[PDB]
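Colleague: Following the hints, put chains C, U, B and A with the ligands in place on chain f, whose structure we already have.
Chain by chain, the residues:
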Amino acid sequence: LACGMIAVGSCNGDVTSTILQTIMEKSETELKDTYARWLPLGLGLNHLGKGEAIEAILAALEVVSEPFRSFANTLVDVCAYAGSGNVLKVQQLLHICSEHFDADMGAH
Amino acid sequence: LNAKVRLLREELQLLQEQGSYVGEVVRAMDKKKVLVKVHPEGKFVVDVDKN
Amino acid sequence: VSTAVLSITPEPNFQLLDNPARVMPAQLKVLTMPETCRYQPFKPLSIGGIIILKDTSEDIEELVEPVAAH
Amino acid sequence: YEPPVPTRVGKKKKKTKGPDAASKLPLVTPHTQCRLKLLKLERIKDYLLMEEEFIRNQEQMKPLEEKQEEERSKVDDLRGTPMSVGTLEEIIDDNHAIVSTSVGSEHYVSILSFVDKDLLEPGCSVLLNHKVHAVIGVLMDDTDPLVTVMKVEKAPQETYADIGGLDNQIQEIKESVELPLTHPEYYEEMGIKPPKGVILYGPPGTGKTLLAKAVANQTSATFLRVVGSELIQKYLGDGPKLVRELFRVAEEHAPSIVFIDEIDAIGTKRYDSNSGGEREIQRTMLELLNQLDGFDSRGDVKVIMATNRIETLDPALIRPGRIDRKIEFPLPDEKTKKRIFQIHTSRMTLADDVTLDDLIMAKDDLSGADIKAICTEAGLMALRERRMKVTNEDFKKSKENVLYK
Amino acid sequence: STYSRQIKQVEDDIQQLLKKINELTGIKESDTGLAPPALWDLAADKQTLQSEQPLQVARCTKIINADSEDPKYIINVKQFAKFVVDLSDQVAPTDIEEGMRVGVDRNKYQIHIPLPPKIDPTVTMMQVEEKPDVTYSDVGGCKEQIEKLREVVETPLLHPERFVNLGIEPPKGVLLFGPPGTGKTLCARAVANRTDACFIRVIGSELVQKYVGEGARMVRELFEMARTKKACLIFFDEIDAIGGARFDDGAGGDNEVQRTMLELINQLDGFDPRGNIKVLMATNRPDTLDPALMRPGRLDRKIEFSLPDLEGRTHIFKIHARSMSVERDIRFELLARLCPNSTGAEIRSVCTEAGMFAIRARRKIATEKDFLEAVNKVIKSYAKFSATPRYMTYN
Ligand SMILES: Nc1ncnc2c1ncn2[C@@H]1O[C@H](COP(=O)(O)OP(=O)(O)OP(=O)(O)O)[C@@H](O)[C@H]1O
Ligand SMILES: Nc1ncnc2c1ncn2[C@@H]1O[C@H](COP(=O)(O)OP(=O)(O)OP(=O)(O)O)[C@@H](O)[C@H]1O
Ligand SMILES: [Mg+2]
Ligand SMILES: [Mg+2]
Numbered sequence: 520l521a522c523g524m525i526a527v528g529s530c531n532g533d534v535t536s537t538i539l540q541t542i543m544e545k546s547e548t549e550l551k552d553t554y555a556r557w558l559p560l561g562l563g564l565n566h567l568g569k570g571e572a573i574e575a576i577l578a579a580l581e582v583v584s585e586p587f588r589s590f591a592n593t594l595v596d597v598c599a600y601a602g603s604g605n606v607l608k609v610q611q612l613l614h615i616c617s618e619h620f621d644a645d646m647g648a649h
Numbered sequence: 052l053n054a055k056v057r058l059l060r061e062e063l064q065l066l067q068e069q070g071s072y073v074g075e076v077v078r079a080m081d082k083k084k085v086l087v088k089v090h091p092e093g094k095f096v097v098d099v100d101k102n
Numbered sequence: 828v829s830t831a832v833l834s835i836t871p872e873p874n875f876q877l878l879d880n881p882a883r884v885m886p887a888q889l890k891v892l893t894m895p896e897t898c899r900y901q902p903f904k905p906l907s908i909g910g911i912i913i914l915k916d917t918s919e920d921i922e923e924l925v926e927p928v929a930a931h
Numbered sequence: 025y026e027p028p029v030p031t032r033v034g035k036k037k038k039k040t041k042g043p044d045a046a047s048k049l050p051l052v053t054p055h056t057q058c059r060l061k062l063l064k065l066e067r068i069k070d071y072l073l074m075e076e077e078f079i080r081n082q083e084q085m086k087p088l089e090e091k092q093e094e095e096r097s098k099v100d101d102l103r104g105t106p107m108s109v110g111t112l113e114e115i116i117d118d119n120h121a122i123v124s125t126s127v128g129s130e131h132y133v134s135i136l137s138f139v140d141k142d143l144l145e146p147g148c149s150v151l152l153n154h155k156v157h158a159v160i161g162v163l164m165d166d167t168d169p170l171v172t173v174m175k176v177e178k179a180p181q182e183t184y185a186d187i188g189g190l191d192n193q194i195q196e197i198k199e200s201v202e203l204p205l206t207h208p209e210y211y212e213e214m215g216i217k218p219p220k221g222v223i224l225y226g227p228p229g230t231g232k233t234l235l236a237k238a239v240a241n242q243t244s245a246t247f248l249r250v251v252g253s254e255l256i257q258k259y260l261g262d263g264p265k266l267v268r269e270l271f272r273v274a275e276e277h278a279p280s281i282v283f284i285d286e287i288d289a290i291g292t293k294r295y296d297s298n299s300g301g302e303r304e305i306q307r308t309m310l311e312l313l314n315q316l317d318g319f320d321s322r323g324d325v326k327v328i329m330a331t332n333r334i335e336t337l338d339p340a341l342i343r344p345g346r347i348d349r350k351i352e353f354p355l356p357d358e359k360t361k362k363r364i365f366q367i368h369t370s371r372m373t374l375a376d377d378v379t380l381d382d383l384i385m386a387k388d389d390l391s392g393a394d395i396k397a398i399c400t401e402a403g404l405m406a407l408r409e410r411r412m413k414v415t416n417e418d419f420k421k422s423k424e425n426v427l428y429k
Numbered sequence: 039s040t041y042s043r044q045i046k047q048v049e050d051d052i053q054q055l056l057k058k059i060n061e062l063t064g065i066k067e068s069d070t071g072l073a074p075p076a077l078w079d080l081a082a083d084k085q086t087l088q089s090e091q092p093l094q095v096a097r098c099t100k101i102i103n104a105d106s107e108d109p110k111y112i113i114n115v116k117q118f119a120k121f122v123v124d125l126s127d128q129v130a131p132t133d134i135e136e137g138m139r140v141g142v143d144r145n146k147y148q149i150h151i152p153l154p155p156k157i158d159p160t161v162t163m164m165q166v167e168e169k170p171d172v173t174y175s176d177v178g179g180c181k182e183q184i185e186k187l188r189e190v191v192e193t194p195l196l197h198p199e200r201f202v203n204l205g206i207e208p209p210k211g212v213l214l215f216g217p218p219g220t221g222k223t224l225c226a227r228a229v230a231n232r233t234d235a236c237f238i239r240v241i242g243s244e245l246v247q248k249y250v251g252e253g254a255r256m257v258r259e260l261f262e263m264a265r266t267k268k269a270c271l272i273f274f275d276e277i278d279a280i281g282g283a284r285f286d287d288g289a290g291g292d293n294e295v296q297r298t299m300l301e302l303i304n305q306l307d308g309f310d311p312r313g314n315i316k317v318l319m320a321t322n323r324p325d326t327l328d329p330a331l332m333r334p335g336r337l338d339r340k341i342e343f344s345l346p347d348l349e350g351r352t353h354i355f356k357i358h359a360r361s362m363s364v365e366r367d368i369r370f371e372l373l374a375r376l377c378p379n380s381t382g383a384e385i386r387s388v389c390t391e392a393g394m395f396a397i398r399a400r401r402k403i404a405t406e407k408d409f410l411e412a413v414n415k416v417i418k419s420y421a422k423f424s425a426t427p428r429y430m431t432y433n
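Residue numbers (the deposited numbering), protein chains in the order written: chain f, 520 to 621, 644 to 649; chain C, 52 to 102; chain U, 828 to 836, 871 to 931; chain B, 25 to 429; chain A, 39 to 433.
Source of the hints: derived by calculation from the structure; they are not laboratory data.
Cβ-Cβ distance ranges computed for the label pairs, FRET-style:
{"no.": "1", "chain 1": "f", "residue 1": "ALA575", "chain 2": "B", "residue 2": "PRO54", "range": "34 to 44 Å"}
{"no.": "2", "chain 1": "C", "residue 1": "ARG60", "chain 2": "A", "residue 2": "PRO74", "range": "49 to 59 Å"}
{"no.": "3", "chain 1": "B", "residue 1": "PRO54", "chain 2": "U", "residue 2": "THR836", "range": "23 to 33 Å"}
For each residue, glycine too, the CB sits at the ideal point set by N, CA and C.
Bound-form chain f, shown alone:
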């Protein structure tokens, strides 16, 4: 959260790399903790409002285990398109919200 707040909207390479390293170094059971939810947020804070600069970041996040991968991807994508009004991204988010699950899988 801090390193994101210092480097908010800056697309800092060092912060992105170390956040990715921390995220993929953690175990799948470790990612069940909600404090891990802050790891993408700072990453998302790094690329706040940048837009289409997350495709490399999204490709990197693809290797992360699930359901934390969906949470991280949604967080960073939203932070990238923050304050833009892109109706396409809102449509994607509403499609994510459409399919409901009978909690653990539905965090994102």
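Modeller: Just chains C, U, B and A with the ligands now, with coordinates in the frame of chain f:
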């Protein structure tokens, strides 16, 4: 004559069916509802028969 | 449906009935075996019931295998 | 045991009435057919597309029990039939209330979820289940016959062009009841609220009610007309109650214009049907004082009063803040008399031997009502002789008819 | 105009889309008081309809054998009947008292829930729920009057600790009096805006009722519901409607209104303590009020809203011309000097008429000449209809 007899026998059962209240219509509403005032019993929002 | 597109983006006239034949009381007046068949009924086929059949030929007898009770 | 605590602040219903509800789409600017308005409309359209797809999906995988028509049918089943009409006596909790049926028996029942809980206020007519008396709805109260009595349904046909000589009076009344509605930007840019009240005073027949009719013709606000003598009731407190309800109805139909015609007649006339004497009239006047300028916040309600005896009114009633403008209607002068005669004979077919100059001085204290009566009675005399052309003899008989005898 | 065809196309599409959305979601009826379907908890509604039984409202009358383990309660079920019942197992015996409203079931009428006392809906609506848009900054020339009013009606509620420590009992009643338009109701609205306790506005004409004893009943219920709050303020605007002095004119002259006033007086200072209610009355005819109502313990403070002096009139002119688009050199002191005995309402009308004179001339700025004409029209020309000279004999 048989129809008269049959109607007479069914009339005994028909007369035991409860009578209908008499009300005054305040106004019709949507979805075939009517605001009525039963004579001693205030107001009601009642349905309307299909006929 | 997919996502909405946003701003940007010949009955037959006869039937062959095998033996035995489930024949209606009305079917009897309209049922008649093929002419070329090797068997010919004794009484008219419209009478119904159990009918003996004269055999025109003396070939092998392709009888009907009895079925077993349930 | 502990009493329940409501989560809603206050006990009154929501002030907003008759809104666009869910159709409150954002106001797109500019109204000009430009690409920016086009883009804003497209953005609204894309949000509506996304909403439509989402709602369709949710209803698609919703259970057969949970469907819009199925849920409406379940609401109907929960309400049952018939639905009794009771009175909301008290809101004990968010989902609990004390309601009294028409037989006078009270019940502590439960307010169901589908009830519009912001429509619930004490004394409001509620719809209850026939068996369990649980609140299942709120009955939209029909318009009161008194509401119909005040409201002027059809605008009067008298326009400002039918008024002669009252140029200054027309200007003053327009600055208070017409200009604030048609051109509020003047007042907003000047930093002043419009003149609050207006009272039209003058000798009888000078055109006060005619000017009120002209205002009612060219107004976009609801027009309520009440005669002062109508405020005198037969029972104690019914006068103040009537004034309170008149201004409540005025507040309901905002913007509105309240025309209290012949206000002085509340005091200058004594009727034996008034149980309370001058004291009940004074209490009604105090209620009128509170309504004109009192504790309760007043919406877009404009008050017009008319009287031919303004010296008999309580000075606190017409004080500034209650009635800002006091417009005088003097007896017409010769120019105004000629204009009035031309106005009321415009549809007439006058004879060549009839001159309005002679009729201008029929009486020294001639008013517009006298001139209109002269014209009407002269037309009546022409009708008696089966004529369409009004002669000077007809007007001569008219003068001796209306003015004298 | 080049976009007009596409404008109408997309507008019609939006309207059709809105109708389609309303088709699936809801928004209909609204005459039977139906909430939007997004708030429909139908399963909970069914569970409430089954589990939560209706309860008829009755009034407990007498408790027989309250000491023993079988206390019987005589209840009066409104217009229905009278019964001898027992409490349900879920109600403590000490939670039901004689004379209080209870709610009982329809089968055995056993008392199920104690209920709040019955209050007239007209009395309930008298409490203020939307505070007025007037602050103390909108009242000019009443510094001492506002201070005296606040240290009685606002300070004890805000900081009671300053009073209990010194054994100090603050005054519990204020009468604002003065000529019409001087700012009595304006100061009351300021109090209601600043107050945090329950504020109830009562107009004297609202206490006049058709039937005998009804006004006293409304006063009693007003003070009953005012006592159901930790701190409360009751405003009696135009108290001279019912607060007139008692008299005997042979006939029954104002007997019922005198009984209403006597009930109000008994509630203010009688055998029973009033409570934490701090009353506030405003009238332009304080000479007509009953001497018992004008007595300390019922109206402890008597704040006079006399006509503003020169400084007060200048302050009012500044207050009302604050948002005016006035010229640069408006001599508001001169304007205040030009209307010696004028209420604040006349000053507000002077400002409004100066603005109207400027507007009528199609000018966006009001000059000093406009204010002079406004003074001539309001203070001088309208002086025939002034309520001031007659009403300062009453105050
Ligand atoms: N100045 C005028 N110009 C034209 N017509 C007039 C004028 N004054 C009066 N009239 C006519 O006289 C009729 C009656 O006058 P109106 O009722 O308006 O008078 P009023 O001053 O309100 O009287 P009242 O005091 O009796 O209520 C009007 O309908 C109108 O046709
Ligand atoms: N001291 C003041 N400072 C500023 N404005 C004032 C002052 N006094 C009166 N006004 C203005 O004049 C108006 C007069 O209305 P207000 O409710 O104050 O009168 P009132 O004293 O209650 O009169 P009444 O005795 O007729 O009820 C106020 O709404 C306000 O705009
Ligand atoms: Mg008239
Ligand atoms: Mg007042």
